[PDB]
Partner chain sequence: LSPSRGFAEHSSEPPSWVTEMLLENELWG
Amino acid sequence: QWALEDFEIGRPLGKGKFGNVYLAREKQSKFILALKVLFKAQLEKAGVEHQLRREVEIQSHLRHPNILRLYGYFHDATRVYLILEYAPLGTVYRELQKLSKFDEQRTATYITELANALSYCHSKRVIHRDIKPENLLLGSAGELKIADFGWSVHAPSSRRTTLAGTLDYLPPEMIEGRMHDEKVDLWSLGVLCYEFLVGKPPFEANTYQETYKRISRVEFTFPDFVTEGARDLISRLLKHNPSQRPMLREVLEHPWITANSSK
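Just the structure of this chain, alone, in the form solved in complex with the partner chain, please.
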């Protein structure tokens, strides 16, 4: 069993809902890692222990270059610790903050890496349901890695009804609390592709009520600089009917993607 004494601790890397994520190093191997801390009292008050249970059992199962590794876990009197792969280049969120918008090459490359990661997830009947920029991390070579599986589920036989995720990235069936499946991640992929190119997600409004309505009615428009190929991909992903959204194979082979991705 791991314990805190197995690790050297460094600076906070980021801030989570239930605690910070810290730079860490395994003492024997000097291997650099991240330690995600969750305070037990806060978890218990919020009553979301099942999210942590799902996060651990699902993410420790996954082995893919574009999915953040979870190596192990432990706890003490007051805290739960998740031992994670360290992502040195930070979040896609921060990168978008600094660049305002991504060019088509960078965007298509990220979408390729996301589609590969999601293809692997969906083959194991895992749905992520929260793939927003602050949960997309960057490896040492700037490769995208999906992280934060606290909203994920293993759904091999039945559809889900949980109210989950983050409004701006959610499809109509999820915000309306209807039955949903792996196609929710395809909708979020469309939101991301738009946000990467434009700098803001497509259904952004000043009020949550208005954003909710815009999502439900698929109300968004394209700025003039978004190209024909990008419009085609995004419009196909942001379909109200989940079954009309493309397979991930279709995303990976889309002409705008293959023309622009460096991967």
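Numbering follows the first chain given and starts at 1. Throughout, rigid core stands for the largest set of C-alpha atoms superposing within 1.5 Å between the two forms. Only residues modelled in both forms are compared. First, how it differs from the form solved without the partner chain.
- Only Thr161, out of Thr161, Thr78, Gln105, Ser123, shows a C-alpha shift of 2 Å or more between the two forms on alignment of the rigid core.
- In a core-based superposition, a mobile segment is defined as at least three consecutive common residues whose CA atoms each shift by 2 Å or more; between the two forms, just one such segment exists, spanning 154 to 166.
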Second form
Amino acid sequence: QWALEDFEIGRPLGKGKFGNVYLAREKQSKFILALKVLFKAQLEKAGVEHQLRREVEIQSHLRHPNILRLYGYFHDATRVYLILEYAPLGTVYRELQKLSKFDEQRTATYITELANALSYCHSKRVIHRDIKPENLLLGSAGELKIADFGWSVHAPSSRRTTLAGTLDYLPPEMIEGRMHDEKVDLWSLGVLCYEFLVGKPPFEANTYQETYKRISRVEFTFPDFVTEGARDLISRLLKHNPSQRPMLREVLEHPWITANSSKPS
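Form solved without the partner chain, following the form solved in complex with the partner chain:
Shown below: the chain alone.
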């Protein structure tokens, strides 16, 4: 079906571990999209074919306004190409670098959009597991979109794959390699809410080793400017025991969320 010669390639949109992502236009229709390019050699050396397969399977069948579409894929002798919905306003990661911290209204609005998307996923027992600002994209109206489903799975689950870079968004049971479920994404939601308001993640440290210790002991503190309501929500999400973390419905109905968010459920 699709091949490289069907597209004109444009500027680089971003780079991940495996993904080299470019703007592109389909020649016959003039349809603008994002082409995520992957090198078969690297996919093989790291043995993550199964993650590539998860990404395509999951993200092509999901349909939600806060989840990035994957339209299809093709490959040649050396590369795999994923055909993605283009997100024109970039990453939440980039927006945070620009603004330093987000106000309560912006933050609550992003958390609602996240909770809506995750509620859709969890209803199929799909868990994302890699929710962080570089994987959160922005639509033409500034709406948040979850992307990069390569680490996703069906719960419950173990971990058969070596962890990559930062531990900053992972809960104790994932880093300790224990069994885990949907509640992992709730922990990550708590980390994100804190980082949006404060400008950095709550367990950040100088070394992998120290970050690990801070996560497993749940050692975090708040700057004076974080309000009582935000503190309440964040403290409920960052519980060591996953069974004690709230349901997404409880997040969406939290008074600090309903008081400050621009969007509904």
